[PDB]
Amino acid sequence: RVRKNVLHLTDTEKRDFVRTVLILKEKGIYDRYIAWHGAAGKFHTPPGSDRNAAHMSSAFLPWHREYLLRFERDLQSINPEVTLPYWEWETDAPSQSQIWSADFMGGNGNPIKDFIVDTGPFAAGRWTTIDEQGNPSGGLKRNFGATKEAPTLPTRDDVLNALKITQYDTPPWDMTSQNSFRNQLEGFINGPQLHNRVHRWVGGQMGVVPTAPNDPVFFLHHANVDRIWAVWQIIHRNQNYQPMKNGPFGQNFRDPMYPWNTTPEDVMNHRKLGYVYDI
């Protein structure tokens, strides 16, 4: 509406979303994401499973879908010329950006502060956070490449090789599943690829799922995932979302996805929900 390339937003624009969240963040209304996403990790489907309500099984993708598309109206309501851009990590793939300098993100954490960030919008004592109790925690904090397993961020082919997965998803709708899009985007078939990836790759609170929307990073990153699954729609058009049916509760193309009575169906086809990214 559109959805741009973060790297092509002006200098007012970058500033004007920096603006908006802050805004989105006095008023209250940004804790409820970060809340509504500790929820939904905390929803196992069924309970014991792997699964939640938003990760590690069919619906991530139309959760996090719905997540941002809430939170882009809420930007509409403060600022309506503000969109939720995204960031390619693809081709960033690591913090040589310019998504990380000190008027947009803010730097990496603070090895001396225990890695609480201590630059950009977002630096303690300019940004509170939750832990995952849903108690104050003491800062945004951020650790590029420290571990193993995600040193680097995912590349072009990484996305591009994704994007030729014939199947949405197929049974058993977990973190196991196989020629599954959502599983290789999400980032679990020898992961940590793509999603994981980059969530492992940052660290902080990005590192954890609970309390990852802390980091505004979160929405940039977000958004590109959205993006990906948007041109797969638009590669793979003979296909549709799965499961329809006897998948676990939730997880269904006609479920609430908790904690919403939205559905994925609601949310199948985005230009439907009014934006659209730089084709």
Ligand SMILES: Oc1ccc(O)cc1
Second form
Number of protein chains: 2
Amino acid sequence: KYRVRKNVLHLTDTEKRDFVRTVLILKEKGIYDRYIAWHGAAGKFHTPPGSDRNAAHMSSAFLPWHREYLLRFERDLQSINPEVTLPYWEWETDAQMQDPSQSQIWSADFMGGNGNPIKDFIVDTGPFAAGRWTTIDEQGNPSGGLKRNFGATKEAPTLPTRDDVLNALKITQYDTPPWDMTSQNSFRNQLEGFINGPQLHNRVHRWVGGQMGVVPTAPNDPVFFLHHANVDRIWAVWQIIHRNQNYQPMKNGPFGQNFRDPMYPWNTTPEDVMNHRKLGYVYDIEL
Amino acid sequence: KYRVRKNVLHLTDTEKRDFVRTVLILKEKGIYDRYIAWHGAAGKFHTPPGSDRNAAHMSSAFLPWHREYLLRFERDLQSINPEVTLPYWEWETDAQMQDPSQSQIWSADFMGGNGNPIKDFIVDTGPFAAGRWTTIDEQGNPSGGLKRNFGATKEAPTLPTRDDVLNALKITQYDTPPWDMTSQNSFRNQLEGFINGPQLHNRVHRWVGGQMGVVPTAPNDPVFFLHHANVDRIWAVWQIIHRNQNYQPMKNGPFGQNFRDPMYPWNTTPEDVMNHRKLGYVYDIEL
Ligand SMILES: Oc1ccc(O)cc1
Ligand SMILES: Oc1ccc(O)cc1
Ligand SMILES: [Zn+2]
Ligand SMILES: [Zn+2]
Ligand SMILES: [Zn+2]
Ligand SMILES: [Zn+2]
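Let's compare: the form deposited without benzene-1,4-diol (HQE) is above, so bring in the form solved in complex with benzene-1,4-diol (HQE).
Then the entire complex follows, led off by the chain already shown.
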């Protein structure tokens, strides 16, 4: 209830500078790459083998997995600067602009701009531009830079809208069987973005493009954590709205997906992170 | 001190049956696959990126990483049967046999036999034969069985010998710069098996063949844990002999390799596991 996560657009200039510098330190020390690898490894961990569910996506654990992911990341931020918290990119609002690429989140003082097509869509502006921020490929080897390509896809030309977020919050059940890509009338699946996909969470990944557009490399872009902080906030709002609803499945789902199953690659269970306030943080809209 | 890890050949018939039962339960529940994935993920996590060091091999963390690996595995065994410990395969004495494939470890009541060449070296005997034990590939997808092919390689036709183990125990320094494949006069690198490789640990992997021969898939074979229990025992013996030698590097090595750096994919540091008795187990030869 103490750690306040703020909207990116409400950050001061010094708050933007401190977050950027912290992330750069976490990168130089070797800690940041641990989060890239964790996310990539979980994407390859199928529950069970044979299915297309994985520990972090395409199944009920999607939301609690990333909440724990962000929690660990934020603790590592504070270990460098105890006054830095994880902001969230409220992309729903940004979708109201006729050109979301002009949002202040993409300014040279924060996340940097779009990819440069002359340099094969390498990001050449901002603190994470090529030459200041090294990336790694699916195999864990250097890959030569951060790439982005805003809205260049036919499947995700725009960012999700406010209404899209509102319609997801109307869903009553957290998730439904068979707890995967095909779950209907499921808040988890809707928010993840497989209901007439790509929508919401999935659509944001494909809208940014570059590393963010594919699972094994997405956390190479620091905006991954800003994106998922907003996803986590939307989940927290859904939990507040539906006081008579809890995580699903409680039991008899695939191992790694139940309420008290460990989420690879950790021992953390969904129950451990079900109450985000108990984890020591809150979103600014909660005050 | 409480958990005693016994030589595989010293197990009773009921001790062999209980261990096999435990491993099968851990497999059915979905816990076993977590160890396959953890080991594969660490093999892809290079320290630093670009180099051929990884979190679990080809560097100083090789020994403490696998000790923590076995420690977690043994705790998961105990969770099922608090009287089941993890035995060790003393392959240096098996190498004394004119045909080590006749060793009792490969009996139908324990690990099962060699691969069947008629069946492309699929294991068709023992509790882990095809049809009774499913495997997964490098991508985390089912792979259709356990394969073995004893001594079929030109680089590892035999198991490491005893004198090999004795000559490794003579080394004074735990490890030397540059803390990788090329480390000379290094117990870690000799044990691991890159000094005139493949030797010792590396040679056993290549001698078994099949999944055991291949980094991302080796833990598909339950004998992986028996193999590394013997590697861990040899390390514990070296620590008793050289009681005033300690882990190296202490600092200024690659991140993830120092005495107090976290070992991906965990937060565990080498220091946390430097004293194996403090971890709650001992080898039978220590009594
Ligand atoms: O790592 C990723 C997971 C899900 C996505 O939709 C995109 C990237
Ligand atoms: O981590 C590993 C090392 C050697 C292998 O043969 C397989 C896995
Ligand atoms: Zn993802
Ligand atoms: Zn995502
Ligand atoms: Zn004996
Ligand atoms: Zn090994």
